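S.K.: These are the residues of each chain, in order.
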Amino acid sequence: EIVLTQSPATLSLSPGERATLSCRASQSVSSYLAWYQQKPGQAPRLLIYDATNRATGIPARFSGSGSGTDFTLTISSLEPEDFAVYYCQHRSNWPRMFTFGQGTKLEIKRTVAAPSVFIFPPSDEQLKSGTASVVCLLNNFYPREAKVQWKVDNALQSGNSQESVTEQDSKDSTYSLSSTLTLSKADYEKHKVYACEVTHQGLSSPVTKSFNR
Amino acid sequence: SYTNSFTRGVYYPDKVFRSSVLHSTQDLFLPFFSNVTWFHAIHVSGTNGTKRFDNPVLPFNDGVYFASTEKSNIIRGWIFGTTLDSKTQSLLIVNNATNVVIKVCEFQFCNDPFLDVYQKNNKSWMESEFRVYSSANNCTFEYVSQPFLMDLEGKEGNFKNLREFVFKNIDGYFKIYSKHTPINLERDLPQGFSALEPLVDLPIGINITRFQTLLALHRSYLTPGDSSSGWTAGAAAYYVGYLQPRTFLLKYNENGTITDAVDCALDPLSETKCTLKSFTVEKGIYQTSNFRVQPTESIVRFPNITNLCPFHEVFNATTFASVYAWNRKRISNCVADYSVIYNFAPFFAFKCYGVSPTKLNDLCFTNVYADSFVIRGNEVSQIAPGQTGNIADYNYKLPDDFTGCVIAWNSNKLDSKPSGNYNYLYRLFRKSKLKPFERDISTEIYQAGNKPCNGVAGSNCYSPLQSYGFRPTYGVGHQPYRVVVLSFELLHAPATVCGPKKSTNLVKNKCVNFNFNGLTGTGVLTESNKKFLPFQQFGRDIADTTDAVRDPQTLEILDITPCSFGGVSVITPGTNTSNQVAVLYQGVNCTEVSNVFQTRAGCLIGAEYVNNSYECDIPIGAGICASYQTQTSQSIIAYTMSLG
Amino acid sequence: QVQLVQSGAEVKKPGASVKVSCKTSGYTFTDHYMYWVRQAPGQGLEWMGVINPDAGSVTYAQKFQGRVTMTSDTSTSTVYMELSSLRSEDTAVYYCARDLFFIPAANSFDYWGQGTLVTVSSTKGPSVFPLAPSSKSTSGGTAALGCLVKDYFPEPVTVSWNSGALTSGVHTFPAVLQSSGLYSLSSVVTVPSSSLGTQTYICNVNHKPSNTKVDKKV
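Residue numbers (the deposited numbering), protein chains in the order written: chain L, 1 to 213; chain A, 28 to 620, 640 to 678, 689 to 700; chain H, 1 to 218.
What the hints contain is simulated information worked out from the structure, not anything from laboratory work.
No residue lacks a Cβ here, since even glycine has one placed at the ideal position from N, Cα and C.
Take the hints with a grain of salt, since some may be wrong.
[As the list claims (entries may be wrong)] Output of the computed footprint for chain A on chain H, the stretches with three or more beta carbons under 8 angstroms from beta carbons of chain A:
#1 49–62
#2 177–184
[To be verified] Mimicking BS3-like on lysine-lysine, the simulated pairs with C-alpha atoms at most 27 angstroms apart in a straight line are:
#3 A/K98 - A/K130
#4 H/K13 - L/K185
#5 H/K216 - L/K128
#6 H/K136 - L/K147
[Stated by the list, open to error] Non-contacting residues of chain H with respect to chain A, defined by C-beta distances greater than 12 angstroms in every case (computed):
#7 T30
#8 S134
#9 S135
#10 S163
#11 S195
#12 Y201
#13 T212
Could you build the full structure based on these sequences and the hints that come with them?
M.R.: In structure tokens, the structure reads:
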């Protein structure tokens, strides 16, 4: 089928400017395309259908255009209620095989915030259960770009760490990242030094927080 | 006279390209090693001096293999026709200089179509005089064909010009084939394989049972003294073949050309290579019973039609509603028959925007929505995919993917009435633009500008209705035209309306390929008085072979006998040694159709029983053994195996 | 107003069938097509598929192609969708969408439902573990308190602090599917270092499917 692919997939702009998200294809879909808008936590709404005309209940700022094998959306002025994920879908006539793309996230452009690195050792109550989980906290920072490194006695560990990134806050447009290294009680008591290395664009040098058991 | 066409008569059946495949098709080809009607077209001069020539009315049964060895202008035309009395369309393919005048006209030209050469080398001259034809009637089809339908001639010591034309009697196209190939010898027979590519395909249809060739008269000056006896050596000789339905196995080459062919029928070696699919046949039995030739006819279709869908009352009823309340009628759980539509009345615009009208009965449809409505006379085409009309934007609108039809006709006889005609409306005033297949049956007062119109309407406000005055004195453009659009949706589902499956008239007592209600096979259909159960449709014998089937049409019982003639076998000693082969019809006493010897297992045709005893080379059966020995010039012999 | 109401939550097992309904309202359910779209966590819309309101005229997708049956019903005007043999990759939020066009044609989706979080796993009980910061973790005069909840697959948990009295600086991370098949997330809150030891902070964990309420003091 028609592999609808979107090139940018991440359009970081500021509220007030104009945006142009592209979604190209292969076959002639000049008059066969739809535009959606899926905010996190609700259902996707129809943004632009038929790729040329405006839908109902849509503000005048949303204006779409394009023909052939190259389409794009032309937003007039970005608003706080506009930052969401947008998709594209064509209407195949004979074989009903409506396909979608991948989505483009619209972020808010601000200053480069520095990630506040915090590390939390596992409490004795969790150690009594036989499990150990060290949490490395990364709050109030620019778009997730901080790969988390776990060093146990200067030895790099991989495969046993899980990362969780929150959505963009509506108050300060910052992000939060939490890394949890799950280890057994024996492996936890076997070693002494545990470190969390953070490398982010806002940091001139990698900041590593470590503690001694 | 007669001749033998060794391996000539093969052409490309279809236009599909193929490479390195061995496909077998059932068409009308020329059988190998046949008796082609050899006719030497030369001058005949009698004792009295009257010039004469042979020109019989050769019958065009189903096709010919007309070849020609003309030098310059001896054979430059053909004549086709079944009546030749101004009753059917003829075909005069005038192969003039640098062009070919293909004229399909119905008239009676003459009985002896004579024509001279008149080798005028002038660029502006007509060689086809008015002596060939004398009548002039309405012609159905004609063509110019700027590339002349004639091969190039060569001038050399012994390299002559060879060409052949394969014609058929297909109702769709004439299937004209042409190919040129130079010969290398002057005294050897043209033994070789040369396929013919389709040159032109005239889309004309007419019954043709006979044909006539167009030779050159060239009797301007007989030059007495040198041609007193007519002719000595020979000017040209045209061959006349006859195609027969056969299952030819074609072998395509790497570049996509036919280098050889297998008859698969009427020939023991061809039948062996067909049933074994190998050229170098080994020493085996290789039974090929019930698969030899069996060409008779072609009757294959699905019987047992059923309840017709309610297409009526949508093309012919009492009164159709306007575009205001256009009626909808879905059609499901039935099989559509798009043949009674045309019988209603001569239409005005049969423009199906999604499929071809001749292809409606070739695919299944989920549900057809029949929407009928009466409109004005100058808007018959406004209701079409992508059209912005006052009755196509604020009323029933078609989308950009309408895979249906816009069938419409004139109703100036049923819907016309000498009155005010307050029956129909069109509702020109509408708030928004109607989406595809949107029906608005509301009567709210329209309001364009700022004007409160709750109670009644004034000047700024309008009513969503207007009388569609259809006066009988009005001409085309203001007459009531009934339009019905059959919306053909495409959903992969248990579709019902596939097509009007209509079988043939149940041919019997004839060995044809039968396909009745799913089951497909071959054999003969005979009469049988078997009392089958009312719910049983298929029948099987004790040997799991289809012996009788219930007619899906009106109550009748048939009996499908295979005609397996026991078991047709064939012995081949290998193509590497020689090509002589023999057939053993196991289960035949040499009476149910050359050396003939009856064995204990069957009738061996193609070998002689030798009283001597040798080693068993090819196991025949019941002690019989065959081999290929140099008997005193080698042929397959038959003998009893030596046990010691 | 046209408002398509759907079901709530639904848990299942590998190799089963889930029945999710999406009732229509406001408009006459005889003319507008309905589609069923899947939204995977983190991914986008995946499959199409239309169900005819009048008859059984359906069109399933190419990925499934036989393992889904979309029925129709004109009595209560409600559609159904029974996906068969749910695997570990079918856990998503299924939606029901209408069309701007009528029965014959179909351009796009305009009216959507509310979703239905269908998942495939084994149910169990949750567990809460407090996360206490070290004495050397005080950087920039601020401190972070956290609570690590674990062993719970469903995610309706709303980790509130002091019964919702503390809302500034509270960050609730999304749940992550562990290797054992159970989700777990942590909730952190930034508090000044001067408030350490003087103010009592209690993280309130509530799990409705298991009816478990645990208040852990930090």
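S.K.: Each hint should be assessed against the structure and marked as holding or not.
M.R.: Hint by hint, here is what the structure shows:
1. Residue count for the stretch 49–62 of chain H with a Cβ under 8 angstroms from a Cβ of chain A: 9. That meets the three needed, and the coverage hint holds.
2. With 0 residues having a Cβ less than 8 angstroms from any Cβ of chain A, the stretch 177–184 of chain H misses the three-residue criterion, and the hint is violated.
3. Annotation: proposed proximity of A/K98 to A/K130 holds, straight-line Cα distance about 25 angstroms (limit 27 angstroms).
4. Straight-line distance between C-alpha atoms of H/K13 and L/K185 comes to about 32 angstroms, which puts the hinted pair past the 27 angstroms bound.
5. At roughly 17 angstroms between alpha-carbon atoms, H/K216 and L/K128 fall within 27 angstroms of each other, so this suggested pair holds.
6. Distance hint between H/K136 and L/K147 is fulfilled; the C-alpha atoms sit about 23 angstroms from each other, no more than 27 angstroms.
7. A Cβ of chain A approaches the Cβ of H/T30 within 12 angstroms, the least distance being about 10 angstroms, so the stated non-interface status is violated.
8. Residue-level check passed: H/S134 sits 63 angstroms from the nearest beta carbon of chain A, beyond 12 angstroms.
9. Listed as a non-interface residue, H/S135 keeps its Cβ farther than 12 angstroms from every Cβ of chain A; the least gap is roughly 68 angstroms.
10. For H/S163, the shortest C-beta to C-beta distance to chain A comes to about 52 angstroms, beyond the 12 angstroms cut-off, and the non-interface label holds.
11. A cut-off of 12 angstroms between C-beta atoms confirms that H/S195 is not in contact with chain A; the least separation is 60 angstroms.
12. Consistency note on H/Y201: stated as away from chain A, and its beta-carbon is indeed over 12 angstroms from all of that chain's, at 57 angstroms minimum.
13. A cut-off of 12 angstroms between C-beta atoms confirms that H/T212 is not in contact with chain A; the least separation is 47 angstroms.
Of the numbered hints stated above, those contradicted by the structure are hints 2, 4 and 7, listed in ascending order.
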